[PDB]
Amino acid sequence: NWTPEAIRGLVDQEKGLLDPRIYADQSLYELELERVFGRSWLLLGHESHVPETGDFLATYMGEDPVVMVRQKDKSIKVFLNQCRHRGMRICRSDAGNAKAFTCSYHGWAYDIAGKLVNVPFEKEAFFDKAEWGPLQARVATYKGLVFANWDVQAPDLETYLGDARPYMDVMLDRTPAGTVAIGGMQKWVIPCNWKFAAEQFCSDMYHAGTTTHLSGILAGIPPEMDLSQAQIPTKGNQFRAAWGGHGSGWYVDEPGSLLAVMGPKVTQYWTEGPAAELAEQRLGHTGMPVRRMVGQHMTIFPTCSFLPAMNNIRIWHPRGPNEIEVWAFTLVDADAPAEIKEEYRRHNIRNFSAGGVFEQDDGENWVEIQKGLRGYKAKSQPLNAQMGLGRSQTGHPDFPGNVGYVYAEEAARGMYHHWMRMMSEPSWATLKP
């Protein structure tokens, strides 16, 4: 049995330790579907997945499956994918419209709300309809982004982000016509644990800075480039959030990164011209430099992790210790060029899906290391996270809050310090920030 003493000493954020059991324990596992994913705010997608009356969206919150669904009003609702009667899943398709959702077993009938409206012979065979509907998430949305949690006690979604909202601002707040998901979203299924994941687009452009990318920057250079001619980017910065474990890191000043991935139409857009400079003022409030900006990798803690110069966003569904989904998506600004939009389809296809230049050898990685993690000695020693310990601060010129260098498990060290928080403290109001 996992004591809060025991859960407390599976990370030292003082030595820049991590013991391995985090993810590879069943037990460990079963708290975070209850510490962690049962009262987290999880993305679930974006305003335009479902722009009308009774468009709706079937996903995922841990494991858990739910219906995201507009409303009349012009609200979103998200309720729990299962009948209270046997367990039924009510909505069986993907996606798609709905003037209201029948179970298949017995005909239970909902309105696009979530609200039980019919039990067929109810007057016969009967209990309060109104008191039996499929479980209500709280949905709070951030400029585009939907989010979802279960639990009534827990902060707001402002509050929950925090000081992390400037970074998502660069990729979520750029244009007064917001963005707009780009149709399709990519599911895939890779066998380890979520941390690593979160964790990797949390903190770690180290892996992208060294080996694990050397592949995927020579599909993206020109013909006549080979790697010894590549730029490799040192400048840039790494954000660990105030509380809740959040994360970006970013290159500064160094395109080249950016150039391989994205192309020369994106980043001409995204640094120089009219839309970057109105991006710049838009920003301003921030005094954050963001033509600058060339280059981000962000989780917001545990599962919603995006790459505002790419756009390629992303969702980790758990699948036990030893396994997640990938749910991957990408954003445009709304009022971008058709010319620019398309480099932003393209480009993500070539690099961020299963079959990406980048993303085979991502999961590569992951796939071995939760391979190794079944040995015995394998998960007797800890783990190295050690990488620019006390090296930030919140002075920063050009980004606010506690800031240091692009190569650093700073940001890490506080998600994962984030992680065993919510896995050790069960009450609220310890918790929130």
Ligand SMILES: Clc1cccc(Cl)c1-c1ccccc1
Contents of the next structure:
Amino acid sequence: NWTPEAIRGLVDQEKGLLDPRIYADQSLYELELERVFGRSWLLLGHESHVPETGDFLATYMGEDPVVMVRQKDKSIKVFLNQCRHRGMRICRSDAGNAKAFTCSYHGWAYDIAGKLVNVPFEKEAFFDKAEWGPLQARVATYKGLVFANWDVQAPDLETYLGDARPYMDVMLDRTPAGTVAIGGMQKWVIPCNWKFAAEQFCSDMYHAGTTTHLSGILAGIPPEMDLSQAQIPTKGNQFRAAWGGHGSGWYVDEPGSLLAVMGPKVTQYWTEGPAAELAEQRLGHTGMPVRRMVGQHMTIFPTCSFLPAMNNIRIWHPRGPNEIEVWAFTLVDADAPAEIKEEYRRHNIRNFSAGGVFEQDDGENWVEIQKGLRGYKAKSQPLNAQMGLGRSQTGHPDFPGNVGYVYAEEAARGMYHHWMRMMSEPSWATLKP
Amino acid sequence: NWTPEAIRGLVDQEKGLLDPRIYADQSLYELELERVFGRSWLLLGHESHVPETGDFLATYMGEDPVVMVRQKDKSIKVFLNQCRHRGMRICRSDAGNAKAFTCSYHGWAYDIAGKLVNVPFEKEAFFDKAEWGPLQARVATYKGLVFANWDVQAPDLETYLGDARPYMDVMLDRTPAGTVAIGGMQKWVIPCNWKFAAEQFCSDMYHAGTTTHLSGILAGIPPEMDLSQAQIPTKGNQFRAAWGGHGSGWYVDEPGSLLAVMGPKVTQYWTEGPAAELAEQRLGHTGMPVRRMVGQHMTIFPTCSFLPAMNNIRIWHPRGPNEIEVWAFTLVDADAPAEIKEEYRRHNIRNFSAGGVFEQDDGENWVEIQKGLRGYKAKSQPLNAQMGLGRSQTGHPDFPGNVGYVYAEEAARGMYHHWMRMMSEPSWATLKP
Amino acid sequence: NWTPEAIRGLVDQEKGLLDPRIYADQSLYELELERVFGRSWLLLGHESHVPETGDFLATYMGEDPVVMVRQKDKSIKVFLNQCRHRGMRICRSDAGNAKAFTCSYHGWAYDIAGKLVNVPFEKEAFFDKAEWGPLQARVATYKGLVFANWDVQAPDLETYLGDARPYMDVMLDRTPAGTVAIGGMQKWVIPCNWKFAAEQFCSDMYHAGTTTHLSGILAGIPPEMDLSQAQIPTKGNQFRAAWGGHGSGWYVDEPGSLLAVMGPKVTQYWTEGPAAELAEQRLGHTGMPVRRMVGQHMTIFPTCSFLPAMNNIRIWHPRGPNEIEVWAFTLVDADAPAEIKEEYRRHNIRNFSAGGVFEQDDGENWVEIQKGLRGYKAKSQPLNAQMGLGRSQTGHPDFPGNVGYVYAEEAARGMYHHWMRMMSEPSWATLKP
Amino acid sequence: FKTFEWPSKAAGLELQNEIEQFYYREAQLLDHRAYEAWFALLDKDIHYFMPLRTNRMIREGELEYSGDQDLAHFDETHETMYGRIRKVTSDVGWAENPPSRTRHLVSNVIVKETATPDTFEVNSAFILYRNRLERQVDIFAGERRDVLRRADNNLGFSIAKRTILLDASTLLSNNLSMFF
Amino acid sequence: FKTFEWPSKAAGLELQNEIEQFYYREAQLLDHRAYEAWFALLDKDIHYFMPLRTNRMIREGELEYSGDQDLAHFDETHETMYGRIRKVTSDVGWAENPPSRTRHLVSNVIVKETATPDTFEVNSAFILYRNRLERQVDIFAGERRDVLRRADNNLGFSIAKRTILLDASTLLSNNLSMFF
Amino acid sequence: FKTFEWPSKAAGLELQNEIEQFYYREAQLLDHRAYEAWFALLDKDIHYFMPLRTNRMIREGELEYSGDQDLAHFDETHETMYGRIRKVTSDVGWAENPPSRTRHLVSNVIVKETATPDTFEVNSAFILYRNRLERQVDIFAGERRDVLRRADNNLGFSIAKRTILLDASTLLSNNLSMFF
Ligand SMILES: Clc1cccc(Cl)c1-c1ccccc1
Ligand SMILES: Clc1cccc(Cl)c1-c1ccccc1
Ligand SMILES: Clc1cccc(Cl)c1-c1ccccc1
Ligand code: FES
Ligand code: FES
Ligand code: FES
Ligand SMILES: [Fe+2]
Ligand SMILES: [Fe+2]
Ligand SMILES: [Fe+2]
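We have the form solved without the named molecule; now please give the form deposited with the named molecule bound.
Let's see the whole complex now, leading with the same chain.
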């Protein structure tokens, strides 16, 4: 048993200290499924994954399989992919179009809303069907992205997102046409804890600007150029959300990393011309000079991560303390030129799939970290999250909210600090913004 | 901790509700091994598996490997397959004939009764060998079948079986010559809880009359006939044992199911002619119209299941909450014509092997169910076992015991009720019938 | 919970009884990592594995990855192969030479002593580097062999070894030139508890004098000779250390088994001629007639095993209660003839690697034992450790320390007794010699 | 089932090639779920057999495989194979709806003549890799002993007999919903 | 991606042999990390492709694979393949330094002529066994559909196109740091 | 151990077929436990070698394999293989009594001539699948580098030298109770 006291002591944001047991302990894992995944807003995909009536995506909330499905009234319904009779999976494929769903075990039939409409031999054997359909999640959409939450007490999505939204709009709100998902969702398995993946995208430009991605960068520069010429960006900022453990980081004015990653046509599109002007115009209300932002990472706590200029998105599905699945897709402006959509597609494949020249080095690190945490002494001393400690300020002229340097772990400490709060505060009365 | 109070709360036969944690909880599993498998009568096989002196079969009682061996005095002994010196497996092959057993590790030698008869270097290094043989189980036969129980305080097998016996005798007591096992014991692994398997065969005709086995039936009907023409059986009954969690269900008068599974020759043998009338005569003391019973499923709690018309028998070997091994064989009447024996062999392979047109779809269902149970929300709400609630009664003119309709869960509720009883009552003083 | 009293009950050296749960219990295992591996002297290898400045070996202490590295001043350091920033492996290959070590995740650079010497962006984001390097182990040497211990309160190596040292010298101190390791370390995985393996090499000549290795001997005798004529020694002795759970056993005079294992050239080298005479000269003061010792097994508790005349050395790395890794290497006298060195290499490969004609049969036995222990009844009765009970003596006329017969379990009882003590006594005030 | 009794003179280069290509084509049909096209290969008198395999002491090695009057994993005729093809192509056939993804890697093809013209006895090795749903992987390895007759079809041969010797005692898979 | 449309008349023995041998040589380059020599085999107009694969009800089976407009596991040109070769031979390419140990087992080779003389469409099956670090094992199975052109190099052919059909939906490996 | 130096001009069809058929026959002997017949294939001067393999950084790539003066998994002469054959065929050889079930899938055969007539240097790839007892499965991949001599025996050739390069560092099996 884990006391709330014992839990509060796992993360110290004032000293910048993290207890390594957070990444490996089985008991904390099972508590996370209740206290974190059981009541957070989790990303399921984009509206365009399910555009027409009956279109469905089978996905996860924690280790709970769920079905995301468009309704006739254009609403999106999300219910548990589990029959309340004997637990069978109702929707048994990845995606498609359904007129209804039928349990393959005993024939209990559901409408596309997840409502139990038929039970074979009901008169001869029975009970209200309106109470025996699968558990529904709350569904909210933020500019295309579809989110779900089990907990009726949890704040609404917008309140939950708070002052993180400006940095989501950088990617999501550049045109009145909105975003669309390029077809296809890549899925793969990494034997590490979800928090390493979530933290890296929340807070860790450090690893991309140091050693992890030297070879990724090398793959992306011209053949004639070598690493000794590689343009190091050191200008940038980091955002920690007012509430919720969200965080983002980005480079400023230095297109070195974006150009290597996304090529010249995407970099020019993101920074110069009609689309880039309109985006800055559309985002003027936040005051941000979005065209000076060249390469950004972000996490919406716990497990929604994305790279704005590059438009790669990922959902981390936890599979115990020692495993995750990565489900990845990419977005483009719905009204982007064919040539640009094609650039985003090819470079997202080249850099960020399981074969990606960036992704490869990420998983290699995470895998060894987790293996180390099997050791007793490897868990006996805190890890260092002291970088940038006491250096952030809520009054930056360019960027809103709690802002520090690009190489910092203020967003990180915020993430672990909020993880700790969700783990130690049973009741939303205290937990809410 | 799992207190009796808490254990009592996992099953509710009054309201017909099941806590799905019973299928997934590791702690409950460890208790099951002690409280259920440690003290139930478990099927090890048939007498004809070990026909001659020294003939043995290596099998399991839960996760304890045991040896079942024919003795010199024609009795059968079952002992733990584990040397009390340092734990080595005494009998290392699946089956065969032995004059003796010798531990491969330090040469401790055993007769075919499990008795420790030789310890190498005993005089130089030592203690009474008579106290150091492997643990022996109680062994009882019921009409050809060999059951074992570790617990000297448990009821005897006849009492344990109680009013389930008439329904066993439909399969086992049809001829004065008895039954014999077809050679061959199939073994395969399913990643699901043992209770899903035991309940299906205890109580779940419903799944075979709805969706699970539609393609199974399709595979067995004439090439010219399609699914629509397959007559739908809806006539039949279900039995719940007075004591012990045993249950059975069968179709009455409508032979369509049996015809597709076993074909016309076996269907004929079971229902028309001399052998069929001899069966009804031998069982007249029950008053059951056996020739009208056409397709039957039964579980003798916990893990002994069979299908009396088709003579398929299975033992479920638990392997943690998330896995079983299935070990399967088939029985024929010993004096049945050779032609009928061949038919029984062929259609058991075709239907109930790991590649079986029926079996295939059971494992597919169970696999996805257990997978769902990894989720937090998936274990948070009860499962519905309300079918036939209140509708069973003890006075049926044709079939004795607590009897209701074929599509019901009275047998299922009884099984989980008894499971609950063994899990929460340490003493046989309160537990016995 | 595992209280001291409960832990004391698991092992009874007076009666010679072992509770089989010690090999299977997950909770006991995790305590082991803390109370046994966390404060024992663990074999990491031989000095010649890291002969020159910056030579390293990536190894383990329990499940903690460590780096063993030669320093300019000729001392050897051992540190946790884990970066304190976010846990990454600092040294990512098996062995080689290093000028420094750099973390692949964020570029924290370390010198060959494991001192944190450069943090990228330290000036602009930060804390004292001297306090943030990997945890350091105490390192001690005994006649070539490198041990490490985390615990600063533990006894020093010599005191830890006590009167086991003369039995080690039989292999390690035969020449003023010392020993050298042959190149290469074999590594393989066995799904069994480490204690089976440690005990076998501590106390178990019995298994080689009975049944385990009948086919190993058969592989090493002349083709003209068959098993019935093989010379099975029955003469020898067993040592139990005064403190620490160390043990050894050996054959006396009868060179039959050594000849079958090592061939005639090695047997003669060990027993007759100038080299054997020098060894007798060097070691005689310890009271040992080394030239009569013809095949010996030893364990330094917990996981350092070796076979003095065959010079096969092994490290058992725990991987949970149900698995180990075996890391094997072989030693030779540095000044031995080239021919004898070659013979040591050939015969160690032939006998003692994962394909070894001896090693094959040990894994085979252990795999089955551990599998058996998944059973509930398999863990419910004590195992027999009564061999040689009250037959050992401390004033033996030919051998020093506490000495009994070769086929005894006195050295095993001592091993499990010390194990019990390490697991129940948390202070070195009570535990120390 | 002893070692395959290969002929001392190996089949000519063209026959060897013809039979290897037949298997390669068969694997393409199976790995692309062309179940009716594959079933057309089966002769009306096909015996399609996969015996049980057990752990025996050397002394009792003759009892390793299940016999003709014993249970087996498969023991099929043309009529029963048809029922299975009807099931595997069925919308209600859950075990293969959604379908698995399989790979039949075929090698070690040894060709042998029979007493009958254009009828061959063939030995080969295989690995069947089956991937199912999100994360299920079942690996099978074994040998096939076929009787093949030349035939005027897109593959050049038809299957008269097939026995599969699978390297497994207890099946590690939850089912055998695939074809060997 | 249906059954490979193999030609009625089999390839000549010499042609069959040459292409199998090409593949064996290619496997040796890859398994021995001769990345420079392997890249030399890629023609300038190379399209190297590995589509995503999904679970679909039979009635929606046509949606199994991703198209040219969707994401993929690989979708490469000579230029981007170059970058990958630069990374995999790089001291700071962590995913392959230390390098992995791989085996490309190649079989089921079916050769088909095209409208271009000395250009061939080739189908083949593989198992790629990848072992890495201490204990990591990833096993892949699938088929490759190549366009090969006759070339004056040490291998005999160049690769104009490669499509790899992997038997997987969710990849069970943490990455694809290997070449197919 | 660099890339196999295959000859520019490939072995002829007949020679290619003979050596492949040799391996398929050798694999059948092994997989059906014909240990005495298998052992007869080994010449008096056999060297049978399986080096250790370690994780190294690219700069230390030349140290990947153990050497002649190092430990190995196997390093055998005719006399030592003889003792291994007596153990594996012995009733009291527990590791293989009960025997395992193995499959040696052979492919990727490259044939290279030597200075000596009727003596060939041969490269090939394998997957060895080992199933044992109730549930144990050990999968091995690698390559073989053989020196074969034409021989007047049942199989066509005798084995003069065998080096096995296993794609493994730490062995994931509990033993190597099989032959490669
Ligand atoms: Cl790896 C990288 C390259 C270029 C731009 C960015 Cl934001 C990144 C990046 C930084 C931290 C986490 C994930 C991705
Ligand atoms: Cl699947 C089936 C077909 C025909 C007749 C029966 Cl009793 C069954 C059957 C019903 C419940 C459990 C197992 C099998
Ligand atoms: Cl197996 C053997 C043969 C000859 C001499 C000895 Cl000490 C042994 C031996 C005895 C116990 C453990 C390991 C090895
Ligand atoms: S599980 Fe869905 S109907 Fe029974
Ligand atoms: S374990 Fe059976 S004699 Fe030692
Ligand atoms: S983990 Fe080593 S530098 Fe970040
Ligand atoms: Fe990264
Ligand atoms: Fe069923
Ligand atoms: Fe041994």
